[PDB]
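Keeping the supplied structure of chain A fixed, place chain H upon it in accordance with the hints.
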Amino acid sequence: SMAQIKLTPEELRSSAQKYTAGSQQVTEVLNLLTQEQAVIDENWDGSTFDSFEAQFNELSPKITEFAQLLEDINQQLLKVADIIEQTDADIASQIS
Amino acid sequence: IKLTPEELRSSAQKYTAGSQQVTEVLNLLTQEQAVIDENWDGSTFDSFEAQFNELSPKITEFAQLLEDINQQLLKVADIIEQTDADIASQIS
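Listed in order, the protein sequences are those of chains A and H. Here the working numbering is used: position 43 in the first sequence is 45, and no number is missing along the way. Here the working numbering is used: position 38 in the second sequence is 59, and no number is missing along the way.
The following block holds chain A by itself, in its conformation from the complex:
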C-alpha cells in the first residue's frame, strides 16, 4: 500500500545506495579474510588455530546471507522508488 510509505523516491534511492555500498564492503572483507584464513592454514601446521578456523567457517554462511540481504534490499528500494515516481507521473498527467 502506497499510503503507508512516507519516503519519497529520492529518499528511497539514498537509502538503497547505503545498502549496496554496505553489501559490497561486507563481501570484500569476507573474501579478503577467507583468503587470509587459507594463507595462515597453509603456512602454519598444528591445532593452535583450529577453533578459530571452525568458528570462521561456521559463521561465514551467515556473512554471505547478510551481504545478499543487503543487496536485495537495495534492489527492492530501487524498484519501489521507480514505481512511486511513475505513479506521480501518471497522476499528474492523467488526472484533471
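Rather than coming from a laboratory, the hints here were simulated on the basis of the structure. Among these hints, one or two may not hold up.
[Said to hold, decoys possible] Here are some chain A residues pointing at chain H (derived, C-beta under 7 Å): (1) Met4; (2) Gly24; (3) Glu38; (4) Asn45; (5) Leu61; (6) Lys64.
[What the hints assert, rightly or not] Straight-line C-alpha distance at most 27 Å; calculated DSSO-like pairs for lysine-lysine: (7) H:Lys35 / H:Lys79; (8) A:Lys8 / A:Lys20; (9) A:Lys64 / H:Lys79; (10) H:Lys79 / A:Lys20; (11) H:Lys23 / H:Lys35; (12) H:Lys79 / H:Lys96; (13) A:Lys64 / H:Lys35; (14) H:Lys96 / H:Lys35; (15) A:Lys20 / H:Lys35; (16) A:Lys20 / A:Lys81.
By construction, the Cβ of each residue, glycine as well, lies at the ideal position given by its N, Cα and C atoms.
Chain H alone, transformed into the frame defined by chain A:
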C-alpha cells in the same frame, strides 16, 4: 610457522580493519532499518526487518571473532620475534 612476525602483523591488521568495517556497516544499516520502519507503516517491510534482525547477532559474533584472531596473531608475532632475536644472538 613459516610466517615471520612482520607477516603475522600484516595479516592481523587485515582482521582488525575487517572487523571494524563489518561493524560500521552493521551500525549504519541498523540505523537505516529503523528509519525505514519508522517511515514505512504496516507489515510490508516486516520480512526484511526479520531477516536483518536474525542475522545481526551473527554479524556481531563475526566481527568479534576477527578481533580475537587479530589479538592472537599479534601475541604469536611477539613470541616469534623474541625467538628470532635469540636465535640470531646465539649464532652471531
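>> Tell me if the interface restraint on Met4 of chain A is satisfied: Cβ within less than 7 Å of some Cβ in chain H.
In response: violated, 10 Å
> Should the interface hint for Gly24 of chain A be scored as holding, given a Cβ-Cβ cut-off of 7 Å against chain H?
Replying inline: Check passed: Cβ of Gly24 of chain A comes within 4 Å of chain H, closer than 7 Å.
>> Given a cut of 7 Å on the nearest C-beta pair, is the interface hint for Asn45 of chain A held or broken against chain H?
In response: With a closest approach of 4 Å, the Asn45 of chain A hint holds.
> Given the hinted pair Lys96 of chain H and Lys35 of chain H, is their alpha-carbon gap at most 27 Å?
Replying inline: holds, 15 Å
>> Check whether the Cα positions of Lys20 of chain A and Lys35 of chain H lie no farther apart than 27 Å.
In response: holds, 23 Å
>> Quick check on the hint: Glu38 of chain A CB to chain H CB, less than 7 Å?
In response: holds, 5 Å
> Do the alpha carbons of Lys23 of chain H and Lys35 of chain H lie within 27 Å of each other, as the hint requires?
Replying inline: holds, 19 Å
> Taking 27 Å as the top limit, are the C-alpha atoms of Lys79 of chain H and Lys20 of chain A close enough?
Replying inline: OK: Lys79 of chain H and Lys20 of chain A at ~20 Å, within 27 Å.
> Can the restraint linking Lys20 of chain A and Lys81 of chain A be considered satisfied, given a maximum Cα separation of 27 Å?
Replying inline: holds, 15 Å
> Per the CB criterion, is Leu61 of chain A less than 7 Å away from chain H?
Replying inline: Because about 5 Å separates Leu61 of chain A from the closest Cβ in chain H, which is inside the 7 Å limit, the hint holds.
>> Check whether the Cα positions of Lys64 of chain A and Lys35 of chain H lie no farther apart than 27 Å.
In response: holds, 20 Å
>> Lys8 of chain A and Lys20 of chain A were given as a pair; does the straight-line alpha-carbon distance stay at or below 27 Å?
In response: holds, 18 Å
The structure fails to meet hint 1 from the earlier list, while all remaining hints are met.
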